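Listed next as structure tokens is one chain, alone, in the form deposited in one PDB entry.
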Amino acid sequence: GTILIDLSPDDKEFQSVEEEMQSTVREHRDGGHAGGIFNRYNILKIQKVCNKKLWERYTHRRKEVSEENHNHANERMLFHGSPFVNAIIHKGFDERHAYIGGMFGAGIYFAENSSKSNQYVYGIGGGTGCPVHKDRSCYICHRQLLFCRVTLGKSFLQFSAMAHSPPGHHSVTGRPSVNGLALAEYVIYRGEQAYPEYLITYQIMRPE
């Protein structure tokens, strides 16, 4: 039931998504090992992900969280990178998309930094890089990320350098506590708490 609707680059919606993607690139502590060396992207395409059933699954869960948290879903737009991007957009988020080994337990992880999600496009640690060249810093091959609507509800704050949410919380927030430039990362433990709104196709660009 999923359809992908291409956005024109002239559309304000394309432009505001491209800007969140570009403006939230940062340097990483691995010097580019996982995700490659780049300061910006070449955005090739942005598509709206349309699936009525998956949307109703999200809004239903959203209302449940909202009603457990003084009518506040605490909804964010966040990036997700995964080798399973095509299963996600067709069947929705679930336990098979969890980062079992993540620092805040087995759950589904999202980033404010687009460059952080870029590190998982080819697997944990970047895997072996692109399928074609085996290069984690490939500048040729086309990458995809999701820009997702995520319900955090009451989020457990972890200060720092599938399972269940901590009792009385709907998510975990990984607060950056050493790298002053890092933005937060977030974990949900229910796939129904994220909806993959935008499929972004891009290349990382070689710095000049």
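Superpose the two forms; the largest set of C-alphas matching within 1.5 Å is the rigid core. Residue numbers count along the first chain shown, from 1. What changes on going to the form deposited in another entry:
Comparing the two forms between these two forms on the rigid core, the single residue of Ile140, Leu44, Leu181, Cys50 with a CA shift of 2 Å or greater is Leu181.
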Contents of the next structure:
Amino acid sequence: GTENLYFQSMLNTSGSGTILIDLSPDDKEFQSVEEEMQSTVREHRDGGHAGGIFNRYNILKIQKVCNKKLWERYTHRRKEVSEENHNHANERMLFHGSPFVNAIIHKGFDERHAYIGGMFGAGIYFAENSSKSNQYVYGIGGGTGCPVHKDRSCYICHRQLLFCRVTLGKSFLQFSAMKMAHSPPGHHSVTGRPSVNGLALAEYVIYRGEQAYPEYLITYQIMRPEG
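Please supply the coordinates for the form deposited in another entry, as a counterpart to the form deposited in one PDB entry shown previously.
There are no partners or other molecules in what follows, just the one chain.
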């Protein structure tokens, strides 16, 4: 596509203030995000042990997260990374899943709530594939599942993902485990690459919460296959 759907300028809400904007399914912005959500689903190695067993989702809502402070903090970081990387910010849309969605869209991503015991250390993790971020909606490795039924493969409870503007800058390409506290020298993010005897699907790690904007809030639920 050659239309500017994902990377439009944000305008002053008022603001306090996180305001959600309801996108109608007839809008091409809704449809693009929906299709990106649906088409990037892969068959996982766990057998769906973490994210659940599915092929597609039931997209219920796609809202656009509008926050003045979070925006004028992302742009400042983006401009900074750009200047340190030959005017190339390396911005792209990536999925994100965590139990902290409500906090992320009100306060922004927060590195100080990282993990350090992750594959690439104390960073905030993003994915090309929507079904990968889905494995982290109810916590690391799926956690105990949905709060109501304790089911990691629940088709009843509604879930939320984030489709985010991510500034990658000069990304450090890694195959093996490399537990970082910050982005490696000269770089601004880490890219986990697919490889045999390693990762099956890619992943992208930043170490500054200001380096990502939670543009799209997706309310969905995984769908039972037939059968």
